[PDB]
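Undergrad: Given next are the chains, with one letter for each unit.
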Amino acid sequence: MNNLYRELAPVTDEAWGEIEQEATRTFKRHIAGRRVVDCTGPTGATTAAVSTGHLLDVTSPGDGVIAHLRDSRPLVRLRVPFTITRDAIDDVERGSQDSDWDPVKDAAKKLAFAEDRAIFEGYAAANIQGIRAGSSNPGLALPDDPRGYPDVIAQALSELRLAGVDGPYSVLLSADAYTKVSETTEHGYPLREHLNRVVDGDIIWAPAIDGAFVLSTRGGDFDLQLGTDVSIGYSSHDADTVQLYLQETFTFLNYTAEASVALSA
Amino acid sequence: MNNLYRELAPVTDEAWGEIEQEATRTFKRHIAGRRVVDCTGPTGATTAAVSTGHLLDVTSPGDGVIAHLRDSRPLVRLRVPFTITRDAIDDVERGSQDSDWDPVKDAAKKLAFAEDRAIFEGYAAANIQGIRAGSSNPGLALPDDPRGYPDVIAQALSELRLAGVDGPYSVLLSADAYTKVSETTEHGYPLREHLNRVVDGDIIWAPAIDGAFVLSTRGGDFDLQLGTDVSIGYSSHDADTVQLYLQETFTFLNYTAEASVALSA
Amino acid sequence: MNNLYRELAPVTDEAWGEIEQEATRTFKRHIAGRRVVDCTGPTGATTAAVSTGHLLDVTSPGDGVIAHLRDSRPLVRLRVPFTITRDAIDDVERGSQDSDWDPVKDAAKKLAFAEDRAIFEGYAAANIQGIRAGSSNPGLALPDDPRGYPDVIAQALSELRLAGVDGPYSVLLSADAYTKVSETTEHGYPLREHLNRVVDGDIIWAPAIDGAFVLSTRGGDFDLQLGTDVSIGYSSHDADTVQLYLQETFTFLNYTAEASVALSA
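As you go down the protein sequences, you meet chains A, B and C in turn. For what it's worth, my numbering labels the leading residue of the first sequence as 621, then goes sequentially. For what it's worth, my numbering labels the leading residue of the second sequence as 621, then goes sequentially. For what it's worth, my numbering labels the leading residue of the third sequence as 621, then goes sequentially.
Chain A with its partners taken away, still in its complex shape:
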């Protein structure tokens, strides 16, 4: 057995396969960060913190001793509990499709949005600085006319060039901002066909974040430290329902404050 207690769940292996596929697809769909950032681990269940390598002054233990407490960032565990009906589970070994995995999908969306907001917006209670607060470049703003977005993006890319940051650059837009750039034409010309040439990397739907971000993807600038990847485990059950949860443990380290521009909403 294992800390997930899957062997205790009234969930047949076919329904485990279904819940795993639904969670994996929904998380991969909503998660923006792991396309951009370097993705280190999973280092395992025993990793509690990561070495920042820095040292902190602390009161000496005794005469003439110098004491430096070593700095580290703790890993945070996020867990989203979700309840699936036993009806939907038992239907699976009867060969069903259209078992209602909407609790799994909504849970995986909440988890992906919590991770992505920890990465980009920061999560103070975990001491995750986040790309927005950890960005040294001038904060831009998106206009109300999406036809201006290639201007603000070429501005941000000129900030990145002047800051000395290599490509390949990539741009992340919030869900509505991506809708706008998906509709928009300039004089009938597809404006995302202009963006696909202004931006030499990729243009990414990031529904969790606010405004937009322009980033380098040269590597080494952003590091998502996974302790444990997205895991499905058992909480409880009753006559009608099984309480499961989605869980991961991670921390985000922002190594290069110049490597990002925040485009505020």
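Don't take each hint at face value.
Repeated chains share a single entry, so a pair holds when one copy, or any two copies, can fit it.
To be verified - The list that follows gives simulated cross-link-like pairs (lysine to any residue, SDA-like), each with its CA atoms no further than 25 Å apart: (1) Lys648 <-> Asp822; (2) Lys800 <-> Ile823; (3) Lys800 <-> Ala668; (4) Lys800 <-> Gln717; (5) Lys648 <-> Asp683; (6) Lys729 <-> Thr703; (7) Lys800 <-> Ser778; (8) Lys730 <-> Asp718; (9) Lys648 <-> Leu777.
Note that these hints are calculated values from the structure, not bench results.
Following the hints, put chains B and C in place on chain A, whose structure we already have.
TA: Showing chains B and C alone in chain A's frame:
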């Protein structure tokens, strides 16, 4: 012999080859569904229904017994009768072309439109829910200016993204709506060259349906269960004509109500 | 794991072996049908219905299309819940006999009687016609003097001969009717030794049914379609008791209405 009774038809093998080729080409041309939906079977002549895996409460047979009647969806057989002249058949072994297979073509069009309207518009008498009624996403509408269609399509695709549905997405338009998007330019730029980039799958002529549909083609969301594929069989003949029919038996299962948007006319 | 959730039950493997043996013996003892009828399957967990091969007229989907909905009979699942004490289970690995499996026995009796009454008496809520309602031969009656039973049975067998139905014929009697024919002598001669020669097949105790039935056992006339054979699974437990259930899913098809005579009580 066989339930088609082809051996009883006054139709030479060359004219069977001609009628089969005409029916196959005309059905493949008109049928939209089988390009989008997963296409399971033909499971054979013995399949009468498909397991939905669900269970239905029914009155118990006796004290303390629990009885659950198992849910299933019946297969429907569609048959279109068509009459070809014996003149046109006997001409075939004389090496003719321009034998009048227009009855075969009109029959294959009626059959393809009946299948596609069962899939998309639903067929109440078969308990086929259909994608339109079985779609949970907000119902859109097409504008009178086709230059607006990339907007309504990027709207529907944003609904699909927000609903968490993967691509590759595809768009089906009714015959006139496809004519309109085939003509249209925006500022001279081919508007279907914009659509070919907004839509990462395919843009499909679907003359049977009303308005338009935007769908995912990731698989597993729509399942056309063929009992028997399109089959040509013999009904009767007289001195001048042979009554044939086109027939198939199928059911359509709509597993993912979120995976579709109906764009009403 | 599996839809029975046996791995979740606090029931040691020795007590599983005991409960399986008690259920199997008690079901085989009470079940009359499966000695007479052909017994097809178990076809598996995915079978929801059986093809009757017939076709049903339904409203056409469109001009000139002919639509026939295919007829099928749904499978019914019967479940009898039964509670065994954990005392009786834990006694088993201590090497006990006279663990109180009377809940298992009473459950297997209720299940066997529900199946046999579905087969013979019919089960309207499952659309099981049943041999009694599905018998075309004249309905006989049993007399109050069991010494008349060889007469009524030779009458029924003459009905079967005149109806053109082969042997080997068999006779099923309700529990008291079998008691009566077990006691009875005519002039000291064992009357079941007369019946063993009037009836060339077998004489069967059928406690579930009313009156008696005389049947052919040539095969092909009666078909019990098992989806899943008698299965033991776990519902819940507490500190003192385990709620289990006995379950099967089946349907009965009565192919030859002339092949049976109902001898009413």
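Undergrad: Identify every previously stated hint that the structure contradicts and give their numbers, smallest first.
TA: Numbers 3 and 4 - these are the hints that the structure violates, sorted from lowest upward.
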